[PDB]
Amino acid sequence: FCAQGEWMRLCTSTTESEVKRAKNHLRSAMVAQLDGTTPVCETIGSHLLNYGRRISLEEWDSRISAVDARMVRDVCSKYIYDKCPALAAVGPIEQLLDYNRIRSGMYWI
Amino acid sequence: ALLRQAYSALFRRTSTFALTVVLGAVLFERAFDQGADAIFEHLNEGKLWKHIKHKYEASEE
Amino acid sequence: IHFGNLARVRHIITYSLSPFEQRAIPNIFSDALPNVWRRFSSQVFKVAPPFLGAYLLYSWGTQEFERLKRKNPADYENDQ
Amino acid sequence: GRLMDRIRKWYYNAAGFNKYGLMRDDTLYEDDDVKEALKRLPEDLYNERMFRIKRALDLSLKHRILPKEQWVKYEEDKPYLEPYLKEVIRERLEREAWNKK
Amino acid sequence: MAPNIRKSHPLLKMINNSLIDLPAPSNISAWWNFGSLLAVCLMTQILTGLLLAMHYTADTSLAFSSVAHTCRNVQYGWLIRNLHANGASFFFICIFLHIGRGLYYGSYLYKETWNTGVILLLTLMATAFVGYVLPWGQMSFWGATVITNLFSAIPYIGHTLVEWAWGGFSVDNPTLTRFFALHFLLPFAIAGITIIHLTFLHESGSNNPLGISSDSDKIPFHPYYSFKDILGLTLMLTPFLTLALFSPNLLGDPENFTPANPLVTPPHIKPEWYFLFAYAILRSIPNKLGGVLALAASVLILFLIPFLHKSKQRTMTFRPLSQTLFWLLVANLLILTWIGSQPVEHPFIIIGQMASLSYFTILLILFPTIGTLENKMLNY
Ligand code: HEM
Ligand code: HEM
Ligand SMILES: CO/C=C(/C(=O)OC)c1ccccc1Oc1cc(Oc2ccccc2C#N)ncn1
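Chains as they are written, first to last, in the working numbering: chain H, 1 to 109; chain G, 110 to 170; chain L, 171 to 250; chain Z, 251 to 351; chain V, 352 to 731.
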C-alpha cells in the first residue's frame with residue numbers, strides 16, 4: 001500500500017528538494033560504480049555493447065543535472081501512471097491480494 | 110484513434126474523467142429526453158392533447 | 171484482520187492476467203454456450219419434474235372445479 | 251449379491267463431486283470432529299486435499315468441471331480421512347462416557 | 352497510528368471490514384446477491400415510505416382519500432405510491448430466494464445468522480401486514496378483521512389480547528392509528544436487527560456453493576462483489592420497474608379501490624401473493640385454534656431447520672435425493688400459494704390439506720430422513 005503510494009507521489013507531487021537530493025545520491029552512485037579496475041572495465045564492456053560508445057561521468061553528470069521535479073513527474077507518469085504491472089509473489093503471501101486491487105494502486109496519488 | 114485520444118484526454122486523469130461524466134450527462138440528458146419524447150409522440154399520433162389542442166385553441170365561440 | 175490468518179497453504183502456483191490484456195466474454199461459442207447447455211442438461215430432470223407435476227395438479231383442479239359448476243342433465247330428465 | 255454396491259457406485263456418480271476432482275472426504279462439512287481429524291493428517295495428504303479443494307472452488311467460480319478423463323473413479327476414491335475421523339469420534343465418546351460415570 | 356486511514360479510523364474501519372477488505376469466497380453464485388438486494392430493498396422502502404407518510408392521514412375518515420390525494424396531487428405521488436406498494440413484493444420475492452438459497456446450501460448451520468434471519472422475516476411480515484391496512488380499502492379492513500379475529504381463539508386470554516390490540520370492539524379508527532405507528536416503527540427495527548444479522552454473519556464469513564472451506568481461495572468484497580451485486584441490482588430492478596410502470600395493479604386486489612365498509616363483506620377475502628401460501632395452510636385445518644397454530648407454525652417452522660440437518664455434507668450440491676426433495680418443497684409452496692387464492696371448495700379443500708400436510712412432512716420428516724439415507728449411500 002505504502003510502496004505503490006510512493007510511486008503515485010512520483011507521478012503527481014515530486015519536490016525540487018527531493019530531486020535535488022536524488023541527483024546527488026545518483027551522482028555518488030555512478031562514481032561509486034567506477035571504484036576499481038574491474039568495475040571500470042565492466043562499464044566499458046557494457047557501454048560499448050549497449051550504447052555503442054562510452055558515456056563519461058562528465059556526460060552522465062550533465063544529463064543528471066538537467067533533471068528537475070517537473071521532469072521526474074512527467075517521465076514517471078509516462079511509465080507508471082495507470083499501467084498494468086507485472087507481479088511476482090513468493091512465500092506466505094495470503095495477506096497480499098488481488099491483481100485488481102494492486103492495479104488500482106496504479107492511479108490517483 | 111479516438112479510443113487513444115479519449116483515453117489521453119478524458120479517461121486518464123481522474124479529474125477529467127469526472128468532468129467527462131458530468132458534461133457527458135448534461136449532453137446525454139438533453140439528447141435522450143428529446144429522443145424518447147419524440148418516439149413516444151410518434152407512437153401516439155393524434156391522441157395527445159398536444160395534437161388535438163388546436164381545435165379548441167382559439168378556434169371556437 | 172481476516173487476511174493472513176485463514177489457511178495453511180503450500181505449493182500452489184497461480185497465474186493471472188490483467189483485465190486489460192484479456193477479453194471480458196471470451197469463447198462464447200466454443201466454451202460458454204456448450205457449458206450453459208451442459209448445466210441446463212444436468213439439472214432439468216431434477217428441477218422440472220415436480221414443477222411439471224404441480225402444473226398437472228393445477229390443470230386438473232382448475233378444470234375439475236369448472237366442471238362441477240356445469241349442470242348434469244341427469245337431474246332434469248324426468249321433470250316434465 | 252452386489253446390490254448395495256450397485257447403489258453406492260450409483261449414488262457416487264449421481265452426487266457428482268468427482269467431476270470437480272474431489273474425494274468423498276473432501277466434501278465433508280467441517281464440524282468439530284472433522285476439524286480435529288484434519289489436524290492429524292500427514293503434511294502431504296493435507297496439502298493434496300488443499301489443492302483439490304482450491305481447484306474445486308476455482309472450477310465452481312468458473313462454472314466448469316473437469317474433463318471426463320480427470321473425474322475421480324468410484325473405485326479409485328481414497329478415503330484418506332475416515333480412519334482419523336473414526337478415532338477422533340472414538341476418543342470423544344470415551345471421554346463423554348467417562349465424564350458421566 | 353496505522354499507514355492507511357481506512358483501517359485506523361473507528362468508523363471507516365467498520366466500512367472497510369464489511370464492504371471492501373472483507374474476505375469473500377471466490378465461488379459464491381448469484382444466489383448470494385439477495386442479501387444486498389434485501390438491504391437496498393429496505394433502504395428504498397423506508398425512503399418511499401417516509402415520502403408517502405408525509406402526506407398520509409391516519410384516520411378512518413381521511414385515510415383512503417389521503418392516499419388518493421397523494422396519488423392525484425402530490426408531484427410524483429403516484430410514482431412513489433407505486434414504488435412503495437410494488438417494492439413490498441420485490442422485498443418478499445428477494446426474501447424467499449434468500450431463504451431458499453440458505454436451505455439449499457445449509458447456510459442455516461450458521462445458527463445465529465439464521466435465527467436473526469427468521470426474526471427479520473417475521474418483522475417484515477408484521478410490517479407489510481400493518482402497512483396494508485393504511486389505505487383503508489375493502490381488503491385492508493377485511494384482511495385486518497379476518498386475521499386479528501383468529502386470535503380470539505387462544506384459550507382464556509383470547510378475546511382480551513384481541514380487544515386490546517384493536518383498542519376497542521372491532522377494527523376501527525383506534526386500530527388504524529396504532530397500525531400507522533407500528534408500520535412507521537418496525538422498518539427501523541428491521542434495519543437494526545439487520546445490523547445484528549450481518550454482525551453474526553461476519554463471525555464466520557460466507558458459506559459457498561460447494562459447502563467446503565474457502566479459506567484457500569478468498570477475494571476482497573470490492574471490486575468483485577461490489578460489482579457483482581450492483582449488476583445483480585439492475586438485473587432485478589428491471590422486472591421490478593417494468594411491473595410498477597407497465598402493470599401497476601397486476602398484483603393488487605381491485606377490492607382495495609373501494610373504501611372499507613364494515614357492512615359489506617367482500618366475496619373473496621384473500622391476502623397478497625406473499626401470504627397466500629400461509630393463508631392456505633390456515634384454512635387447511637378446520638378448527639379455529641388448530642388453524643391459527645398451523646398458520647403460526649408455517650413460518651416458525653424455520654427455527655427448527657438447524658436441528659434437522661443429518662447430512663455429513665453442508666449443501667445439497669452433491670446430494671441428488673435431497674435436491675429433488677428440495678424442488679418438491681418449492682413446487683409444494685407454489686401449490687399452497689395457488690390454493691390460498693382459491694375459494695374454500697372441492698377440489699381445492701382436499702388439495703389444500705394434502706399440500707399443507709406434505710409441507711410439514713417434507714421439512715420435519717423427509718429431509719432429515721433422506722439426509723441420513725444419503726449418508727449411508729456414501730458409506731458413512
Ligand atoms: C430484511 C432481511 C434480511 C436482510 C437485509 C439480510 C441480509 C443478508 C446479507 C447482506 C447477507 C450476506 C449476503 C448473502 O449471503 O446473501 C445475508 C446472509 C445470510 N442471511 Fe440474510 N438477510 C435477511 C433475511 C434473512 C432470512 C429470512 C434468513 C433466513 C431465515 C437469512 C439467513 C441468512 C443466512 C443463513 C446468511 C448466510 C449466507 C451464506 O450461506 O453465506 N437472512 N443476509
Ligand atoms: C419494511 C418496509 C416496508 C414495507 C414492507 C412496507 C409495506 C407497505 C405496504 C404493503 C403498504 C400498502 C401498500 C398499498 O397501498 O397497497 C404500505 C403502505 C404505506 N407505507 Fe409502508 N412499508 C414499509 C416501510 C414504510 C415506512 C418506513 C414508512 C414511512 C415511515 C411507510 C409508510 C407507509 C405509508 C404512509 C403507507 C400508506 C400509503 C399507501 O398505501 O401507499 N412504509 N407499506
Ligand atoms: C391487514 O391484512 C393484510 C393482508 C395482507 O395480505 O397484507 C400484505 C391480508 C389481506 C387479506 C386476508 C388476509 C391478510 O393477512 C394475512 C396475514 C397473514 O399473516 C401470517 C403470515 C405467516 C404466518 C402467520 C401469520 C399470522 N397471523 N397471513 C395471511 N394473510
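Simulated from the structure, these hints should not be mistaken for laboratory data. Even for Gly, the Cβ is constructed at its ideal location relative to N, Cα and C. One or more of the hints may lead you astray.
Claimed, not checked - Far from chain Z, by Cβ distances over 10 Å, these chain L residues were calculated:
id : residue
1  : 190
2  : 194
3  : 224
4  : 247
As the list claims (entries may be wrong) - Capping the alpha-carbon separation at 30 Å, the derived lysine-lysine pairs in BS3-like fashion look like this:
id : chain 1 : residue 1 : chain 2 : residue 2
5  : V       : 663       : L       : 216
6  : Z       : 259       : Z       : 328
7  : Z       : 318       : V       : 663
8  : V       : 462       : Z       : 289
9  : Z       : 259       : Z       : 351
10 : Z       : 336       : Z       : 323
11 : Z       : 328       : V       : 661
12 : V       : 661       : Z       : 269
13 : V       : 639       : Z       : 312
14 : Z       : 351       : Z       : 269
15 : V       : 663       : Z       : 336
16 : V       : 727       : L       : 216
17 : Z       : 323       : V       : 462
18 : Z       : 323       : L       : 216
19 : V       : 462       : Z       : 318
Structure-based check of each hint:
At roughly 20 Å, the least C-beta separation between residue 190 of chain L and chain Z is larger than 10 Å, which holds for a residue marked as non-interface. The non-interface label for residue 194 of chain L is consistent with chain Z: the shortest C-beta to C-beta separation is roughly 14 Å, beyond 10 Å. No beta-carbon of chain Z comes within 10 Å of the beta-carbon of residue 224 of chain L; the shortest separation is about 23 Å. Consistency note on residue 247 of chain L: stated as away from chain Z, and its beta-carbon is indeed over 10 Å from all of that chain's, at 58 Å minimum.
Restraint check for residue 663 of chain V and residue 216 of chain L: the C-alpha separation of about 21 Å stays at or below 30 Å, so the hint holds. For the given pair, residue 259 of chain Z sits about 14 Å from residue 328 of chain Z by alpha-carbon distance, which is consistent with the 30 Å threshold. Of the supplied pair hints, the one linking residue 318 of chain Z and residue 663 of chain V holds, its CA atoms being roughly 26 Å apart against a limit of 30 Å. A C-alpha spacing of about 25 Å is found between residue 462 of chain V and residue 289 of chain Z, which places the hinted pair at or below 30 Å, so the restraint holds.
Distance check on the hinted pair: residue 259 of chain Z and residue 351 of chain Z sit about 43 Å apart at the alpha-carbon level, beyond 30 Å; violated. Using a Cα cut-off of 30 Å, the hinted pair residue 336 of chain Z and residue 323 of chain Z holds, with the two alpha carbons roughly 24 Å apart. Our distance criterion of 30 Å between C-alpha atoms is met by residue 328 of chain Z and residue 661 of chain V, whose separation comes to about 23 Å. Straight-line distance between C-alpha atoms of residue 661 of chain V and residue 269 of chain Z comes to about 24 Å, which keeps the hinted pair within the 30 Å bound.
At roughly 53 Å between alpha-carbon atoms, residue 639 of chain V and residue 312 of chain Z are farther apart than 30 Å, so this suggested pair is violated. Distance check on the hinted pair: residue 351 of chain Z and residue 269 of chain Z sit about 48 Å apart at the alpha-carbon level, beyond 30 Å; violated. Distance restraint check for residue 663 of chain V and residue 336 of chain Z: the Cα-Cα separation of roughly 14 Å lies within the 30 Å cut-off, and the hinted pair is therefore satisfied. About 21 Å separates the Cα atoms of residue 727 of chain V and residue 216 of chain L, which keeps this hinted pair within 30 Å; it holds.
A hinted pair counts as satisfied when its Cα atoms are at most 30 Å apart, and residue 323 of chain Z with residue 462 of chain V does not qualify at roughly 36 Å. Note on residue 323 of chain Z and residue 216 of chain L: the hinted pairing holds, with a Cα-Cα distance of about 23 Å set against a maximum of 30 Å. For the proposed pair residue 462 of chain V and residue 318 of chain Z, the alpha carbon gap of about 38 Å is over 30 Å, so the pair is violated.
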